[PDB]
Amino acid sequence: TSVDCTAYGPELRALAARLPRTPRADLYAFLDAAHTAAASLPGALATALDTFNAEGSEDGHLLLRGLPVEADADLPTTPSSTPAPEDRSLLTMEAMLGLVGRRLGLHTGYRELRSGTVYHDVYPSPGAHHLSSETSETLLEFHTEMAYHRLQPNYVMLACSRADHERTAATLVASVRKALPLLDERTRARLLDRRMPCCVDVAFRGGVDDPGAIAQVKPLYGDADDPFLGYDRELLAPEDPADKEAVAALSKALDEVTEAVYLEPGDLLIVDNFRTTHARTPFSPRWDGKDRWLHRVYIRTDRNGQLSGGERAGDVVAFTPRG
């Protein structure tokens, strides 16, 4: 689902100007300012966000196009490392992630990931691990983000400050609502609410006492007529022949319903992480200071066990595997 925000430029630039200019120096105050400002988002944008937040969509994502973004020459050099300096001045796409993010829910950091930070710069880095956002030449395979984490976020938001030079990197999404109809009843029944072993990303490894402590992921769960999805192409490890068969059918159906989006500066993609897997195709970095640069945040909502009380936008949570 897409929303052309070009006409909202003036109003959005003004809302961004309401926010503290050094976000990380007091991130709780920054996100509180963004929440108050979110109540003034242009009506059609606010309605699209609230509708997506409550209902999701058949295609599993909400793409905002044409948000205000700095001209290329007016942006800093593309980052070469993580974490970001706490003194970094606010970028317009970060302001948009603050506004749009708080309209949906609570920004959340993960202790073991990206130094426990909340705003993550996504840029290519040499020798990247194959499951990493730092990849470029190799395809980043379809996966639900942190499917194995008890505190898995409802949304992953990606805002583009710079696209790759040749604009070849495409962000791919596959929605369980489009894939499900392609599966037969036997396959759906096998997957629904069925726990299967799942490895975790690099950041969360360590401390696994035995095979019994390995995370367990239900590939489909919830309402049988409109299930949530948990899938990770590389990490999910079905053991019985029937489970493998079922996961392979699910993998094929997701491939068959793949939708591609080329993020350009000013674009902000909201992925429904409980119903949609995402991936990114290959691109070749130039290592010239102007490589692809996205900003990523994770958003928790009141849906399914993400919150237990007292949480604030800006909190950083620790790891607990599902199971």
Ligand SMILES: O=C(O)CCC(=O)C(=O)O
Second form
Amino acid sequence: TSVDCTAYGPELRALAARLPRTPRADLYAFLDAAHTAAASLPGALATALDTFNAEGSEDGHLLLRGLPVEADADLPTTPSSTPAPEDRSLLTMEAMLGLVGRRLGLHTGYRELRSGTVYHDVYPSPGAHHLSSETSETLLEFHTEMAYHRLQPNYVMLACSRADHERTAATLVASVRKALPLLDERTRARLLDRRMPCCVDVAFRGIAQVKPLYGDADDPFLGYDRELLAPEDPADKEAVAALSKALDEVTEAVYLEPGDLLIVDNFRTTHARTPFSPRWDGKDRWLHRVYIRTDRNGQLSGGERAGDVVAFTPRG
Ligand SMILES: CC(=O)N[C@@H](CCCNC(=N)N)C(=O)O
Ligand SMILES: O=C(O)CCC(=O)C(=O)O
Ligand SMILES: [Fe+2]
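The form solved in complex with this ligand is what I need now, so please give it after the form solved without this ligand.
Whole complex next, starting from this chain.
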């Protein structure tokens, strides 16, 4: 689902201006400022975000296009390392992630991942591990983010400061609401609420059980990872292969361009990124990623604040 935010440019640049300019130096204060400012998002934008937050969508994602972003010459050189300097000045797309993210829920860091940071730069790196968001020339296959984590976030948000030079990297999304009707009853029934073994991302290494479909049988949530989900039982493997095929069959593509902020419903979709060739010239593709927790399905137990970092516990 898309929303052209071009008309909101001046108002959004004003809200971004309310925020502290060095976010990481006091991230709790920065996200608190963003929450207060989010109450002033232009009405139509706020309504769209709240509706998506409460109901999701059939296609599983809300793409905000045309948000303010610096001219390319005014952005820093694309980062070459992580984590980012705590003193880094606020970038406009990061301000958008603060405002939009707080309208939805609570930004969350994961202790073992990216040094426990909350804002992650997503750029290509040479010799990237194949499961890494730093990949470029190899397809980053479909995954629900951290499907195996008890504190898996409801949303993954990706804001774009630079697209890759040739604009070939496509962010793919497949929605359970479009895939489900393609599955027969036997398959849906085998998958629903059935725990299956699942490996974890490199950062969390050193076993999990994931239900590929779960919750209300007429509108289930989805936990799928093409690389990590590892059913052993043949009936389970067969049901997961049918799910895998249906997700491919309903794949949708978003080509992120500067000023875009894509909100992925991480309990109802799986996402991926197609190949692209980095130039290592200082202008490589550069997204900003944050994870947002909401009141749904046990993400929060009380007292959480946007900016908190949580430890790893596998679903079981
Ligand atoms: C949470 C996390 O580690 N995510 C990875 C990217 C997803 C890895 N792919 C699969 N899980 N199949 C990253 O490098 O950011
Ligand atoms: O590069 C992309 O478009 C998405 C990468 C991704 O899966 C992620 O950052 O979680
Ligand atoms: Fe991802």
